[PDB]
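Enquirer: Given the coordinates of chain G, work out where chain E should sit on it, guided by the hints.
There are 2 protein chains.
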Amino acid sequence: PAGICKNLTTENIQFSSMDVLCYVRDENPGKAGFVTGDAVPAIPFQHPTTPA
Amino acid sequence: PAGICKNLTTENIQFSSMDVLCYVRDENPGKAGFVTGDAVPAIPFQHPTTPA
Numbered sequence: 466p467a468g469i470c471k472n473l474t475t476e477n478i479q480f481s482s483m484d485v486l487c488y489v490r491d492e493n494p495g496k497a498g499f500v501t502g503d504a505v506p507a508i509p510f511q512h513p514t515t516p517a
Numbered sequence: 466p467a468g469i470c471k472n473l474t475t476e477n478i479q480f481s482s483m484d485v486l487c488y489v490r491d492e493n494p495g496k497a498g499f500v501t502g503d504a505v506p507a508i509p510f511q512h513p514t515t516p517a
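Protein chains in written order, with the authors' numbering: chain G, 466 to 517; chain E, 466 to 517.
Hint data in this document are derived by calculation from the structure and do not stem from the laboratory.
Heads up, some of the hints might be wrong.
[Unchecked claim] Simulated restraints on C-beta separations:
(1) E:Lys496 - G:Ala517: 28 to 38 angstroms
(2) G:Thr501 - E:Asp503: 31 to 41 angstroms
(3) E:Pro466 - G:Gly502: 46 to 56 angstroms
[What the hints assert, rightly or not] Which residues of chain E face chain G? A few of them, derived with a C-beta cut under 10 angstroms, are:
(4) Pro513
(5) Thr514
(6) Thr515
(7) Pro516
Ideal Cβ positions, reconstructed from N, Cα and C, are used throughout, including at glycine.
Only chain G is shown next, with the shape it has when bound in the complex:
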């Protein structure tokens, strides 16, 4: 949408409402365009209550 386009543009990343991006996701997982994965998932830490 337009708001995302404006926010991207103001962040020195160029993208216009008339632009399009074309991609191909490969079949074999060994060779791919973009690789994503989790090394260590989110771990919570609850610190004890402090003075004040």
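Expert: For chain E alone, kept in the frame of chain G given last:
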């Protein structure tokens, strides 16, 4: 061992590898040469994870 003697001499406590020290451990109640004892044995503390 010789290495300990070398370390001692390095830190300004003169003790050659040739030197020998003699001592007498007393047994009478009121008299003694070297006194040792623990007033409070070592106590462990564990702190939880800081906000850092």
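Enquirer: If a hint holds in the structure, say so; if it does not, say that too.
Expert: Do the hints match the structure? See the list:
For the hinted restraint 28 to 38 angstroms between E:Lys496 and G:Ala517, the CB-CB distance of approximately 57 angstroms leaves it violated. Restraint check, G:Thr501 to E:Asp503: a C-beta distance of roughly 58 angstroms breaks the suggested window 31 to 41 angstroms. As the Cβ distance of E:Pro466 to G:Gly502 is approximately 54 angstroms, the hint placing it in 46 to 56 angstroms holds. Against a cut-off of 10 angstroms between C-beta atoms, the interface hint on E:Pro513 holds, since the closest Cβ of chain G lies about 6 angstroms away.
Of the supplied interface hints, the one on E:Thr514 holds, with its beta-carbon coming within about 6 angstroms of a beta-carbon of chain G, less than 10 angstroms. Hint on E:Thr515 holds. Least Cβ distance to chain G is approximately 7 angstroms, under the 10 angstroms limit. The beta carbon of E:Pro516 is positioned within 10 angstroms of a beta carbon in chain G (closest approach about 5 angstroms), and the interface hint is therefore held.
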